[PDB]
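**Student:** So the chains spell out like this:
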Amino acid sequence: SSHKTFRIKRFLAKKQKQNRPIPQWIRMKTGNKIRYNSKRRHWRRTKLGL
Amino acid sequence: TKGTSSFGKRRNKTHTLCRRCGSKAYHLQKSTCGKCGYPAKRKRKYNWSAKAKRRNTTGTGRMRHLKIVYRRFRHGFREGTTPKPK
Amino acid sequence: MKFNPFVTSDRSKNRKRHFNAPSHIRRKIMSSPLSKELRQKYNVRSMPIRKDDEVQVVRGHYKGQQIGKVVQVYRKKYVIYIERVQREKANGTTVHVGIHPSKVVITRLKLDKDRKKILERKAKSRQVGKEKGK
Amino acid sequence: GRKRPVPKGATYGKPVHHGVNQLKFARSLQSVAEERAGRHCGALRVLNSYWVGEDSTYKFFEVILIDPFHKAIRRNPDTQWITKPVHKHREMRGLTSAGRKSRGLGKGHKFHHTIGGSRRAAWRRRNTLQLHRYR
Amino acid sequence: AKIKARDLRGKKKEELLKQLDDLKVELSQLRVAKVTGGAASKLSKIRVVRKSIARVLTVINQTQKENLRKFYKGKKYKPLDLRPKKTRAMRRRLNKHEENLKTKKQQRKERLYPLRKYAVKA
Amino acid sequence: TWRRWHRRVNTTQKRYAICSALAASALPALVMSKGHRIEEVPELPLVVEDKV
Amino acid sequence: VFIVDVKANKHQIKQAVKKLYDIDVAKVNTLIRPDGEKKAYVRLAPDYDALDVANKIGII
Amino acid sequence: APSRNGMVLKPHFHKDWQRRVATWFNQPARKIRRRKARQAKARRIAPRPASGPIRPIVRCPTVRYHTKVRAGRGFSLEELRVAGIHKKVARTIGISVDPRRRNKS
RNA sequence: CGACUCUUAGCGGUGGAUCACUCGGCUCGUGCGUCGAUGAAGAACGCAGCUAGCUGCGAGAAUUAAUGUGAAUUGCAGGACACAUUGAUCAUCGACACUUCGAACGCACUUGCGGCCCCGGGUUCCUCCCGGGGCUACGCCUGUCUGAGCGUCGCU
RNA sequence: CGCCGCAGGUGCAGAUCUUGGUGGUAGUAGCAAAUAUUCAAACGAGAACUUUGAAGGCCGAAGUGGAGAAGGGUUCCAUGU
RNA sequence: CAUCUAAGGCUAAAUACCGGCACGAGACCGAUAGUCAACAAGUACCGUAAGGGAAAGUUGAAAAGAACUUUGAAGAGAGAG
RNA sequence: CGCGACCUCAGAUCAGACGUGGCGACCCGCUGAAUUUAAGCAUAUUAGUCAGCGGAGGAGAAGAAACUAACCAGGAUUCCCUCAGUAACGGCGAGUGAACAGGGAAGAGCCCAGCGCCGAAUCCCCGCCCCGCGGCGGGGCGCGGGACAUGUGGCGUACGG
Ligand SMILES: [Mg+2]
Ligand SMILES: [Mg+2]
Ligand SMILES: [Mg+2]
Ligand SMILES: [Mg+2]
Ligand SMILES: [Mg+2]
Ligand SMILES: [Mg+2]
Ligand SMILES: [Mg+2]
Ligand SMILES: [Mg+2]
Ligand SMILES: [Mg+2]
Ligand SMILES: [Mg+2]
Ligand SMILES: [Mg+2]
Ligand SMILES: [Mg+2]
Ligand SMILES: [Mg+2]
Ligand SMILES: [Mg+2]
Ligand SMILES: [Mg+2]
Ligand SMILES: [Mg+2]
Ligand SMILES: [Mg+2]
Ligand SMILES: [Mg+2]
Ligand SMILES: [Mg+2]
Ligand SMILES: [Mg+2]
Ligand SMILES: [Mg+2]
Ligand SMILES: [Mg+2]
Ligand SMILES: [Mg+2]
Ligand SMILES: [Mg+2]
Ligand SMILES: [Mg+2]
Ligand SMILES: [Mg+2]
Ligand SMILES: [Mg+2]
Ligand SMILES: [Mg+2]
Ligand SMILES: [Mg+2]
Ligand SMILES: [Mg+2]
Ligand SMILES: [Mg+2]
Ligand SMILES: [Mg+2]
Ligand SMILES: [Mg+2]
Ligand SMILES: [Mg+2]
Ligand SMILES: [Mg+2]
Ligand SMILES: [Zn+2]
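Chains as they are written, first to last, in the entry's author numbering: chain Ll, 2 to 51; chain Lj, 2 to 87; chain LY, 1 to 134; chain LN, 70 to 204; chain Lh, 2 to 123; chain LC, 107 to 158; chain LX, 97 to 156; chain LL, 2 to 106.
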């Protein structure tokens, strides 16, 4: 809602910054074996526990 | 109707995030965490669930102090001494 | 054969220790043999590979006597790069080909105050072993 | 005595276990007194206790406690033993005189239940299957 | 232009703080340049300045701590961060003086009846 | 883990096998039948002095 | 407009801006971004000029 | 079910015996650990005879074993007295006095 | 004669069995056998030039110092780095530092609300505002100070 | 890998068996609750569905309108694919 | 007749160890096996919660990871390397 | 109708300490099932076991006889082999079930209270100085405080003193 506590908004804040695609230059690192952010989240598909 | 219609009127949280153990098991009305038991001092832990014990035991987290304690034991917990500067 | 009960002969442990080695003991793993003239003038067989010493490839596609200067040691990749050991890619530019330092022989070293000290310490140890083996 | 703390006096199954009222606690009331003083004063070490007149409904015991970090106790041998960490909360482990009596320890034919150092120590040893390498 | 902890250790706290200040203002303009685009060179000097601040702060924090340790040398009571830290259990034990002392009964028995070194022939 | 990995043999039987193995090492047909390439060796029960 | 620590109130923001930029501020309007960092709008005194200061800051 | 003809066997395996199973795979390791502690102890007491103090002659206390003799816990105070050595200095000599044994013979 | 359907074969797809490999387990054994109010385990939130996860770290934040080592790190860039008017990296780690919850400690879980004592500014001492620092949990031991009692007494 | 011995978590068609993959069904059922779309133009490789304009309609103020509370958590706004 | 001397206290060694630190080994398993987890695994995800809980290894010696020409709007092709 | 002594209590953000929580494989103290077996089932069994609560250490507990024995006697505890699936318990059904002696691993013994004697000989705390630091001790100095005769310390403990 519009009415939030500070600690909820700080929780929502972190979840926003870590829902970002991996940098493109990561693919070039030696022994990368990573391809995409597999922990990406969409607001409509899966909901936060909070 | 006990099915689809009844699921529409659920908009009141029963649990919130716990200050200790950070899990969303802090019952609002009871003011007690259902995961770590936090109105209380002693951490809630039962032997009838070994998976829950191993989900949150020692070593499942950062181990900030104890990981250096394991280091200092190998040298006898020495203090106030220096490596003899060049 | 191995008798010390505190050093392992396990294949998985040796491979794990080799591929996860820190940089400072990855440097020792990348040691390279010295030439016949370098072995006679000093008393040391193998020497860890440095940045700017000349070297010739003795195995692989790039065998020969073209004394090439080392231009980069890639301890992450366990390879070193040499001046003329290059390959042209599709676009036409040139890139170095990495070769394991065990497949090259050092012909001249890059000497500093530290290199001389390590050079002299290996010579004194072999001399000690030789006199014990009189 | 000890009443079994089951709601409405309902134990379930095996009428042998239907007992509620005439059941007795394994430890004496003196052991309970030392535990209650030891749990309150967690910074002191219970030494011993005695009896000072009971009641119809109460029993009164005086419990001797030792401060393990007083210098008068620390700087005097024959008392440094209680300052050692293995001697903390003796009354909870049944090491006090009152706590010991409920364990069935002793020498002789009367006390074969605790021949391993405790009742559980004896039970484990005589219920463990020794599977030697060569059988 | 690089600073080292070894050469910082001779200066007084008056210009050590002075050196920390202009080191902090330099990091302020560095973060400004990072926001306004700036250059790859200026971005790379952010880390070199951050470590320089830690270097200067470590020296003043150390220098203060050895002065406090020297001041409380021989004091009966010292602050909790100046007394040894080893382990809560190891701090509870008895010291060498009150671990090794014996009752007069025990040492009289030791004086009277010491363990003799002996052998038996065949 | 309690699979009875070990077996105990009687001491008399164990000595019996050792005696049998020693007796077989002195017959060239048996040692050759083990594929040991002893054709140029003399005196099949082969003894050297203690200098070795 | 600056980005400030979430633990700094408008008084410390005003003192910090006034001392480390040698300007006089009129009021501070603060908000915490959805990212989780504070944003401070620092209105300068009428005798100061933001463009003048923003030049000296380097954010022009 | 009994098949034809055998022992009436009563195995004592009704008590969840597989948690209290003592395996002996550390038997050879224990023998070494005890062996080298014996060697270390013997070399610590350099001239002392490496195997504890002297023990008395002792008769086994039952009609099944009273024909044989063995080594008891230690010498009794009456044998120490008539040998003219003090009960306190005896154990420093390596004699192992046992004060609660009496001599009826 | 086509079409369709079936059988077999070649080739091509779908699929990921088989085989070979293994920085992973499982089992056994050995030596140690060490947490915490000097604030643990655990959680939260932050920290990279470009960084989401994992990892490491704590406002000195993918680390400071010190010591060994001795020219790298590396996906790109950058500037270093005389390697002696002292050194990249890595390792070790004994100096320093170590945010917020948490036994969690001023009260409460709303970054809600206090109290006392010092310091600096606004004061231009008088104490109102702002900032900084240190205290303010419960139980309990020894001692200290202050006390209560028509408790037992002594002197008037 | 053969031969002499040793030891097995040693042989599958079934268990409405476990896991994974694949068929016929089958280009089939279906994409039918709440009246309704049409003309021209623009962008564009591409228009029944986008946008603009013109028309015909519907919600008809107890709305298919304008705002909030819980709840969600960036879905808000620009630009580009 | 024998035997001990309760109702106070301490005491090492031989003994135990499926948690922890660091090691060594194996007639074990070999990616549906072996730990749930060989991999950003107690992760993704599910449940109000207690709690439940996966799937997922392999180019090549070396990226030398296909320049360049051509058709298509591109995916995608044909040559070339 | 005050001022003192003691006793019994109280307050303090008083000076200096201590406990709390975690892990818990092993160990100690409690509490404690039912499935299952008995071809049903209630005593019995499962089992003093799972689950539950408390307390520790590198081990823990035990431990130096109010013992075993009945012998020509042995001699703390703990562990191994054996005793022994035995004596015994048991709807004497299903089932349960030790100890002594013997051989080994290890081996170690002691301290109080009391009864007495010794001018409280005893102990803590705060200051002085110096010898020191390195987990903080020694020495002496205080017409310095307190504890303590409602009993501190030395001798001494069933083997006698
Ligand atoms: Mg939804
Ligand atoms: Mg409710
Ligand atoms: Mg060699
Ligand atoms: Mg029953
Ligand atoms: Mg005495
Ligand atoms: Mg606001
Ligand atoms: Mg075909
Ligand atoms: Mg095919
Ligand atoms: Mg450094
Ligand atoms: Mg409120
Ligand atoms: Mg009065
Ligand atoms: Mg099978
Ligand atoms: Mg098969
Ligand atoms: Mg099949
Ligand atoms: Mg159709
Ligand atoms: Mg239709
Ligand atoms: Mg209408
Ligand atoms: Mg939008
Ligand atoms: Mg698997
Ligand atoms: Mg496969
Ligand atoms: Mg799996
Ligand atoms: Mg896991
Ligand atoms: Mg205080
Ligand atoms: Mg039945
Ligand atoms: Mg049945
Ligand atoms: Mg039934
Ligand atoms: Mg249990
Ligand atoms: Mg505890
Ligand atoms: Mg003990
Ligand atoms: Mg004991
Ligand atoms: Mg028999
Ligand atoms: Mg039983
Ligand atoms: Mg022996
Ligand atoms: Mg006395
Ligand atoms: Mg006695
Ligand atoms: Zn919780």
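None of these hints come from the bench; they were simulated from the model. Please note that the accuracy of each hint is not assured.
[What the hints assert, rightly or not] Keeping only pairs whose Cα atoms sit at most 27 Å apart, straight-line, the calculated DSS-like set for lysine-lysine is:
id: 1; chain 1: LN; residue 1: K93; chain 2: LN; residue 2: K72
id: 2; chain 1: Ll; residue 1: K16; chain 2: Lj; residue 2: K25
id: 3; chain 1: Lj; residue 1: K31; chain 2: Lj; residue 2: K46
id: 4; chain 1: LY; residue 1: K41; chain 2: LY; residue 2: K89
id: 5; chain 1: Ll; residue 1: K10; chain 2: LX; residue 2: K123
id: 6; chain 1: LX; residue 1: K114; chain 2: Ll; residue 2: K5
id: 7; chain 1: LY; residue 1: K28; chain 2: LY; residue 2: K13
id: 8; chain 1: LX; residue 1: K115; chain 2: Lh; residue 2: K19
id: 9; chain 1: Lh; residue 1: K46; chain 2: LX; residue 2: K135
id: 10; chain 1: Lj; residue 1: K31; chain 2: Ll; residue 2: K40
id: 11; chain 1: Lh; residue 1: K103; chain 2: LY; residue 2: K76
id: 12; chain 1: Lj; residue 1: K44; chain 2: Lj; residue 2: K14
id: 13; chain 1: Lj; residue 1: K87; chain 2: Lh; residue 2: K97
id: 14; chain 1: Lh; residue 1: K118; chain 2: Lh; residue 2: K106
id: 15; chain 1: LY; residue 1: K122; chain 2: Lj; residue 2: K87
id: 16; chain 1: Lh; residue 1: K105; chain 2: LX; residue 2: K135
id: 17; chain 1: LN; residue 1: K93; chain 2: LN; residue 2: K153
id: 18; chain 1: Lj; residue 1: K25; chain 2: LX; residue 2: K114
id: 19; chain 1: Lh; residue 1: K97; chain 2: LN; residue 2: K140
id: 20; chain 1: Lh; residue 1: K46; chain 2: Ll; residue 2: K18
id: 21; chain 1: Lj; residue 1: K87; chain 2: Ll; residue 2: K5
id: 22; chain 1: LX; residue 1: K152; chain 2: Lh; residue 2: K103
id: 23; chain 1: LX; residue 1: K106; chain 2: Lh; residue 2: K43
id: 24; chain 1: LN; residue 1: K128; chain 2: LN; residue 2: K140
id: 25; chain 1: Ll; residue 1: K10; chain 2: Lj; residue 2: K46
id: 26; chain 1: Lj; residue 1: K36; chain 2: Ll; residue 2: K10
id: 27; chain 1: Lj; residue 1: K14; chain 2: Lj; residue 2: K31
id: 28; chain 1: LX; residue 1: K114; chain 2: LX; residue 2: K134
id: 29; chain 1: Ll; residue 1: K16; chain 2: LX; residue 2: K114
id: 30; chain 1: Lh; residue 1: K122; chain 2: LL; residue 2: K16
id: 31; chain 1: LY; residue 1: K76; chain 2: Lh; residue 2: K46
id: 32; chain 1: LY; residue 1: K69; chain 2: LY; residue 2: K36
id: 33; chain 1: LX; residue 1: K135; chain 2: LX; residue 2: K103
id: 34; chain 1: Ll; residue 1: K30; chain 2: Lh; residue 2: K122
id: 35; chain 1: Lj; residue 1: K44; chain 2: LN; residue 2: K157
id: 36; chain 1: Ll; residue 1: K10; chain 2: LX; residue 2: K134
id: 37; chain 1: Lh; residue 1: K103; chain 2: LN; residue 2: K140
**Student:** Now tell me, hint by hint, if it's right for this structure.
**Tutor:** Going down the list of hints, with the structure as the test:
| no. | hint | in the structure |
| --- | --- | --- |
| 1 | LN:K93 x LN:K72 | 8 Å, holds |
| 2 | Ll:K16 x Lj:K25 | 16 Å, holds |
| 3 | Lj:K31 x Lj:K46 | 19 Å, holds |
| 4 | LY:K41 x LY:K89 | 41 Å, violated |
| 5 | Ll:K10 x LX:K123 | 26 Å, holds |
| 6 | LX:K114 x Ll:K5 | 32 Å, violated |
| 7 | LY:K28 x LY:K13 | 18 Å, holds |
| 8 | LX:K115 x Lh:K19 | 16 Å, holds |
| 9 | Lh:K46 x LX:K135 | 26 Å, holds |
| 10 | Lj:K31 x Ll:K40 | 33 Å, violated |
| 11 | Lh:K103 x LY:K76 | 62 Å, violated |
| 12 | Lj:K44 x Lj:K14 | 24 Å, holds |
| 13 | Lj:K87 x Lh:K97 | 33 Å, violated |
| 14 | Lh:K118 x Lh:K106 | 23 Å, holds |
| 15 | LY:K122 x Lj:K87 | 24 Å, holds |
| 16 | Lh:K105 x LX:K135 | 75 Å, violated |
| 17 | LN:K93 x LN:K153 | 34 Å, violated |
| 18 | Lj:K25 x LX:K114 | 43 Å, violated |
| 19 | Lh:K97 x LN:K140 | 14 Å, holds |
| 20 | Lh:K46 x Ll:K18 | 26 Å, holds |
| 21 | Lj:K87 x Ll:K5 | 58 Å, violated |
| 22 | LX:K152 x Lh:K103 | 77 Å, violated |
| 23 | LX:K106 x Lh:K43 | 31 Å, violated |
| 24 | LN:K128 x LN:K140 | 34 Å, violated |
| 25 | Ll:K10 x Lj:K46 | 31 Å, violated |
| 26 | Lj:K36 x Ll:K10 | 23 Å, holds |
| 27 | Lj:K14 x Lj:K31 | 13 Å, holds |
| 28 | LX:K114 x LX:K134 | 18 Å, holds |
| 29 | Ll:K16 x LX:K114 | 35 Å, violated |
| 30 | Lh:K122 x LL:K16 | 56 Å, violated |
| 31 | LY:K76 x Lh:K46 | 25 Å, holds |
| 32 | LY:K69 x LY:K36 | 18 Å, holds |
| 33 | LX:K135 x LX:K103 | 12 Å, holds |
| 34 | Ll:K30 x Lh:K122 | 77 Å, violated |
| 35 | Lj:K44 x LN:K157 | 22 Å, holds |
| 36 | Ll:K10 x LX:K134 | 12 Å, holds |
| 37 | Lh:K103 x LN:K140 | 16 Å, holds |
Of the numbered hints given earlier, the model fails hints 4, 6, 10, 11, 13, 16, 17, 18, 21, 22, 23, 24, 25, 29, 30, 34; all others are met.
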